[PDB]
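Single chain ahead, by itself, as structure tokens, in the form solved without this ligand.
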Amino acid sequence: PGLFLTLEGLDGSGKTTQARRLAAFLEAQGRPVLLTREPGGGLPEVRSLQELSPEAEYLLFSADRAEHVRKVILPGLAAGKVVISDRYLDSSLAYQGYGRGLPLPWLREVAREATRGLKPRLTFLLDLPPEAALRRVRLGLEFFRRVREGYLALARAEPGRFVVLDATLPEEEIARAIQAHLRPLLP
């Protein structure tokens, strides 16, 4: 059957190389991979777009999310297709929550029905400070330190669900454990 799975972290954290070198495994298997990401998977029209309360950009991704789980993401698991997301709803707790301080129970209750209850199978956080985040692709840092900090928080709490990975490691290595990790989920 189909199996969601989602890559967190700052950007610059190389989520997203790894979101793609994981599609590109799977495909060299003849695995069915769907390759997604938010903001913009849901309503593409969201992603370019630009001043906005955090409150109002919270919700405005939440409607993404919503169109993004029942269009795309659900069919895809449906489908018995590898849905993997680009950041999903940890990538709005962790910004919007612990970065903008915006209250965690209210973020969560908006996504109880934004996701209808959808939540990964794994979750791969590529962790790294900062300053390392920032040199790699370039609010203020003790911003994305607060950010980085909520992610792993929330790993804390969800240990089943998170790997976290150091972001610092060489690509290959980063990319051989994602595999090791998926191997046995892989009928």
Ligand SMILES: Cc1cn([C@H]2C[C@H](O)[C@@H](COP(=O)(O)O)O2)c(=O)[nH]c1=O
Given for the second form:
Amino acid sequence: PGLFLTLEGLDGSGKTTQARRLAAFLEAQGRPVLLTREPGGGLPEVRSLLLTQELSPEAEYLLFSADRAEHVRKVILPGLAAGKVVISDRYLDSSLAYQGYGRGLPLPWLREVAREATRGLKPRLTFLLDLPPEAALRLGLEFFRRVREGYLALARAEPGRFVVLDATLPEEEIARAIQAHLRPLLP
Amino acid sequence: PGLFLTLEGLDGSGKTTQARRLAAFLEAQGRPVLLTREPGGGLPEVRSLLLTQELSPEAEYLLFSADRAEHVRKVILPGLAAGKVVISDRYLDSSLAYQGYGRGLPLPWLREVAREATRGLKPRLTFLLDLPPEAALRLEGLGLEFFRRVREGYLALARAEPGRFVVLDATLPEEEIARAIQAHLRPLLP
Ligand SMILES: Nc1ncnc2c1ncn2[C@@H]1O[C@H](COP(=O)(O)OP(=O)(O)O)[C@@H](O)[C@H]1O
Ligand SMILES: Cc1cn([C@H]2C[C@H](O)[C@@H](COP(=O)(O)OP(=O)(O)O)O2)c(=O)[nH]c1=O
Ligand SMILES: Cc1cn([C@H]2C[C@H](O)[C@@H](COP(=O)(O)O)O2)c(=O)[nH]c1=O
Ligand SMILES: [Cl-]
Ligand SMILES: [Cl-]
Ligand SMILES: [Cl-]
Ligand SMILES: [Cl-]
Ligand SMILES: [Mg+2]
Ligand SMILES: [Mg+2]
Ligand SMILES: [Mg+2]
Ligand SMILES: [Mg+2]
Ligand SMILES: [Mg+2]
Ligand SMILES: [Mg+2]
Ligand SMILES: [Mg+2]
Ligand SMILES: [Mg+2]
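Right, and the form deposited with this ligand bound of this protein, after the form solved without this ligand?
Everything in the complex follows now, all chains and molecules, and the chain you saw is the first one.
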């Protein structure tokens, strides 16, 4: 049982907001829900360490992946075995967009690292809240362009898992679109 | 330029003792030496991270690897580039023996993670201080059964790369181990 969903986008694309509203929507239908996030959900100390320190991309990816590995094991997989709808604000796609397309690390290596860290757990549906970095409500601009395009490139590679939402629209109608796509996967 | 050396073995095998003796022995010969270690040489804060309760073996290895990636880029390669003899107390082999043979993680995955973590950098010589498992004395569930697997793992890694590894008997007195290490170095120096 259980359903695994993720949200992705740049910081200030409104992921937490939509994660909050999606939880509330599923609670209103009586469906058990669990919110969680990366970084921090597996190893909170990773999150606080990366906050005040910049490393090499390789080193920083491996920390994200250790956190992810604990996150998948202690939080996400248990939640799904209990029949809950688990919603993660950021997951693997964040590393692929930021460390891969942004900092330039090779994608095939990242996914081979990720495969054991995640046990190959992929979300059923990932919502990409897309906007230009200048429109975001919260290493130059060029880095943030690369991450956004990277997200869009990931989405067009897997059109079955990504749902690309224009994040500049009002939050209420963005919420209804997410609800629309999600409807078929519940009764 | 430069020479990359490492010390390996179980907890309590004399690695730290012998790396420090070696460093000092090379400095007295007038050679530039960089003494380093793992975990912590790349990312000091990883030792905090590694103590986390009930840490899965995958996260464990990825933590060691985060540190290793930073350690290679910021400390080891720039030291080697300047012609220093760089000695690391523990390197990739620790992960292969502890997280591979000890925890049961697949070696090919470990090595695939290692490729980009180390950028292919392997030491010229690695001194394995082979210690009996019962003599070994932080990390989760460091039991006797674990140490047998780790010890035998080290010995299998030695057999697979017998030109890189020099296996020495860790129960021998410290002067004799150091002299034996020094003798395996002599052709690689002047
Ligand atoms: N050849 C030896 N014989 C007996 N004891 C030793 C020998 N070498 C080191 N020791 C002692 O064993 C302990 C562990 O040594 P250490 O160098 O810290 O091991 P490691 O670095 O491998 O953990 C220390 O108290 C040290 O004095
Ligand atoms: C470098 C490394 C260490 N370890 C383990 C060995 C030790 O039990 C622990 C710390 O090593 P070390 O710092 O050498 O021992 P000490 O803490 O006594 O100074 O980490 C691994 O499991 N994998 C690794 O890749
Ligand atoms: C989960 C994850 C986050 N990040 C970064 C991108 C964001 O700027 C930042 C978000 O942290 P925050 O949500 O605590 O603000 O973390 C990555 O670079 N890779 C990842 O895999
Ligand atoms: Cl699912
Ligand atoms: Cl957000
Ligand atoms: Cl995924
Ligand atoms: Cl060899
Ligand atoms: Mg993470
Ligand atoms: Mg990962
Ligand atoms: Mg894709
Ligand atoms: Mg030591
Ligand atoms: Mg080594
Ligand atoms: Mg490694
Ligand atoms: Mg053997
Ligand atoms: Mg070997």
